[PDB]
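Just the one chain here, laid out as structure tokens, in the form deposited without its partner chain.
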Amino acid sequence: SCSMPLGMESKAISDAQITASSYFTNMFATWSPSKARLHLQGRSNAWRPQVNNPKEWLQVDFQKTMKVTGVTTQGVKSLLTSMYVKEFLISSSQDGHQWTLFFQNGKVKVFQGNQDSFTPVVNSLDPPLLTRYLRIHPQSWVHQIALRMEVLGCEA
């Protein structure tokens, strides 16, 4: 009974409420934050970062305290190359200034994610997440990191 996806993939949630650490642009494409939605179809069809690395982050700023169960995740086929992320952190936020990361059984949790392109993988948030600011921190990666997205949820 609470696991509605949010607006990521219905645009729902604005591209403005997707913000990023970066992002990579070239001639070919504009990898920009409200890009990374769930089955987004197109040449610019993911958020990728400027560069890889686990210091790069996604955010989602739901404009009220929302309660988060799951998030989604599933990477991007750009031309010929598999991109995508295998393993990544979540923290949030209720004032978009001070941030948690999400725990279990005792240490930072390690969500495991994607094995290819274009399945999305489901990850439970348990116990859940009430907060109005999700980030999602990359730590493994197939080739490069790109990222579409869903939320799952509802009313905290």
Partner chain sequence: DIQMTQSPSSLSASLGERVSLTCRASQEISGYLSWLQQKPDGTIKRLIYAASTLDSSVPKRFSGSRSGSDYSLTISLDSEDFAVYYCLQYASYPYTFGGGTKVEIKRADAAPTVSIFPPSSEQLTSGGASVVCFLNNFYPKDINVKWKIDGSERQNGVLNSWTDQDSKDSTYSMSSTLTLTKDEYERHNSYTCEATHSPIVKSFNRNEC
Given for the second form:
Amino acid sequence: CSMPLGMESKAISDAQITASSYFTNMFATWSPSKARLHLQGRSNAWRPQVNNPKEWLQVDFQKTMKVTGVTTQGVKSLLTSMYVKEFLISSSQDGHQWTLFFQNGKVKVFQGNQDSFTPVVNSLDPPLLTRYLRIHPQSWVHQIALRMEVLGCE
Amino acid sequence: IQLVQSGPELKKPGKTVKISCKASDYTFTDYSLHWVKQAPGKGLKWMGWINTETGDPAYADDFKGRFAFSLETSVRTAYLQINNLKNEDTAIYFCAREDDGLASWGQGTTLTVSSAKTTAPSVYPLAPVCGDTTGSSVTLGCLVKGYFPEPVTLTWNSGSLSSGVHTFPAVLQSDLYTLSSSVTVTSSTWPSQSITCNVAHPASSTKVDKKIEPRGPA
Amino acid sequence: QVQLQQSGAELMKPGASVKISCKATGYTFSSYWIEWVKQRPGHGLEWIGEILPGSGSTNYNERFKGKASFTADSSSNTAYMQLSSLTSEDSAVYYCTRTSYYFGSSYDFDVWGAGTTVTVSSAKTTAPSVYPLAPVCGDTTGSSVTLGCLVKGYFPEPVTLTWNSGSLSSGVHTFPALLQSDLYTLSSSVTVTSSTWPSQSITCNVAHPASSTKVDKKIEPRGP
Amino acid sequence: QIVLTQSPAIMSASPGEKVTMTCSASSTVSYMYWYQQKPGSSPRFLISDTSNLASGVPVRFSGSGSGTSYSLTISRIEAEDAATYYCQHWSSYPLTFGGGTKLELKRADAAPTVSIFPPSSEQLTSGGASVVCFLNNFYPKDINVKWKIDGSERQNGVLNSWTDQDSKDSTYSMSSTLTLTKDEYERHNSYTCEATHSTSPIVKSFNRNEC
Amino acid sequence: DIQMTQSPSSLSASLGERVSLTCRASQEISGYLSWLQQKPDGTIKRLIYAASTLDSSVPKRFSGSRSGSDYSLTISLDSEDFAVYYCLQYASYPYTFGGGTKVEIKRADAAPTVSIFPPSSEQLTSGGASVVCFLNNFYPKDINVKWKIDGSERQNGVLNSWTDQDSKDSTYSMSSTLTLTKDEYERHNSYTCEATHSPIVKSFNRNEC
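Let's see the other form, the form deposited with its partner chain bound, since the form deposited without its partner chain is already up.
Okay, now the whole complex, with that chain kicking things off.
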């Protein structure tokens, strides 16, 4: 039960992916819907408007799914590699009330990436039953930048 | 940054064809590559895409089975292979580079799936009898008759004559194709200057140059 | 009813350490960052750092790296900040507050603790003496009379003072304490009508927790 | 799963006019893309991300829209704008094109320039005879061609072919070919090609015997 | 670190008057700014979050805005609104506050009510003598006290303390204490307290009412 839910394939549409904010200027728009694993082109990742531990990227499955893992990736803009080292994960059924992913009575801090190109697969044990998913970058290199994939089934 | 596709293809049904798409520079591995089908007279239909950094192909629903996208990064080339060809595979196939939209398109590849054999075209010159003029102008022409498959390429004076040219879509006559082109120039430029139509038929490796010249009545 | 209850005032000698607490009620303790903030007397606010009790994750302002350390006891829903090797620069009021772990809510810095006063000094804890203040011979000043209490020679802060157990609150001025030779001195003023006093009782209620002192000084007219 | 609808399929317009082509999505998309395609050509990128002009695109082109409603507008129509226009999204699987909108240009009526051509001696030696007639640059597409041999109408053995709207003058052209065996061709002397829209034809002829 | 500069840092306005405070971030903070109110008792209240969103338990006369990169708190004024206001930046770490703006209420001038008090028996018995003078309900805050013993000005031994602006009155108050030993206190008879805001004097004698 570790099938891509549609981040890379775009089975999860752009409108399903949202964030706390995103970085936009004259030349680049690092929109939330660009947070798709292995995405190509320019500005090929999500970046929040500012770098703090309270920024989040949201995926609405529009349907309760069984999430058994997430895969994360950074990105390299020119000479600057950008990626998140650690993150939290929260979920919701209505998209308004949120709950952090606890493990062994303690809120789990997942270990993310060490570079801008290698995907890192983090396991979600116990598996998550949720319609909404949120990822919360806690520490990062250079800038918060994210391409991801959700793994599981229905 | 350009995309150059291979040449036209004629294949018997049930066989295999491999269409290439070559990029003008190595930056093509920073962009995704899409494939599009344009059936005869139809619109644009997406076949899927391939990640050029990863090599992973993704296929549209209608194209899961006999279709394969591959890659050779060393020669900046993407490929589209179609196995077990059907008649319905007859169409034009485009590759396109993704960059906030399909920003670069190949010239297209014409695929014909038929059991029929190749027939090279006859090429006849069209000139008014005795070079009789039509006022200050004169219309010449070129007839390309009895060929298969499509396409043929036709130019006037190696493509240097483009204004006042009408090239008519081929018609079945009635198992083969027939085509014609007209060119209109000033009566002072002909036959004083030379006018030649150039007919290329790839499938038969045909290249014919036909100089248009005035002739007595026939 | 989201509230944050902070610890009482504290006194420690320089070079030593103090551990002040922030108790939370009215919400899920584990899923909000507890913030800690410093204020030097007379100066502005300074951000020390934060802790996420649910995970025990911390973020420190670089300035306080070696000075401050955060912990959290989720069984009692209480966060703690320990300050190490105290200097006089560490004498301040310390506030705790709260932020959501995700942006977009109404919870960022919404509720603040009342603050905890930290005093760094080697001075001894001294109980105050409370002295009545009355015009000589109860000499009247028009249709009114101002009375008072003098709370002298205590350490450390704070002291509490009421008039008639709090029932007299109008026309009361309590002045900030003043420090001299390791001792504090505080006064409070109360104004009533000439008919009120001395015909009716006016009493000074003083308490000094640190020395467990509680006095009720009644104000009486006195010869010269 | 998002579907794109362009309406109408075909849209007529005079040069200089302002035309707006619409593309409605069954569901929200992030950006709409637009393409231009002419017969025999590869699609040409017009609009990136709903409203950005692609490289080399004239400023008379503009894109707009949001949510499920998007449009492409040409401020002042040029004759070279006769083409098929496609919208496209890539917000979800699968990437999808609109059905296309064909833009046809209105212009004044024009009589065809008619030219007739005898068979080449080359073809005759081969045993065949194709008489060719070009009816060029007329408007609208309403031309009938009639063939006559020695003055008598001939209906069998004729093949016709039409060009689409010309990029310069917005006219149409037609090519008509009468095919005969060399033998039936040499049994007559005069060959005639007639063009009719009205009541009066345009006629071109040649003789086998003289210029 | 992102530096927050508040202006004017010190402000004095009348009741009903419209006021405005300004924070300028040294970097882009993208509307991640809070406005805080601190009362003299030390209480801190959140007024504004995310640049311009009112705290639900805060009067509608408070509002926030911003013209990059200048953020503004505006009060359209109450006697309860005297406080020190801080801006708080939370776009990136470490969090940084503005320097603060002290808002004082302007009111009509007022002379202090002066009251003088002799040492109590209890204090004298313990060898000390504190003479106390209250200067109540005056405006503006600037004021002088002079002490005299037997008609002579006394400088050493005086300690002063000011209250902050009164909540529902807007005046200031001040306590002045002259401390002497019991021994020196009893070598004299008259004690005087003078206030300068010409002088306002209050005194007592040890020998009579």
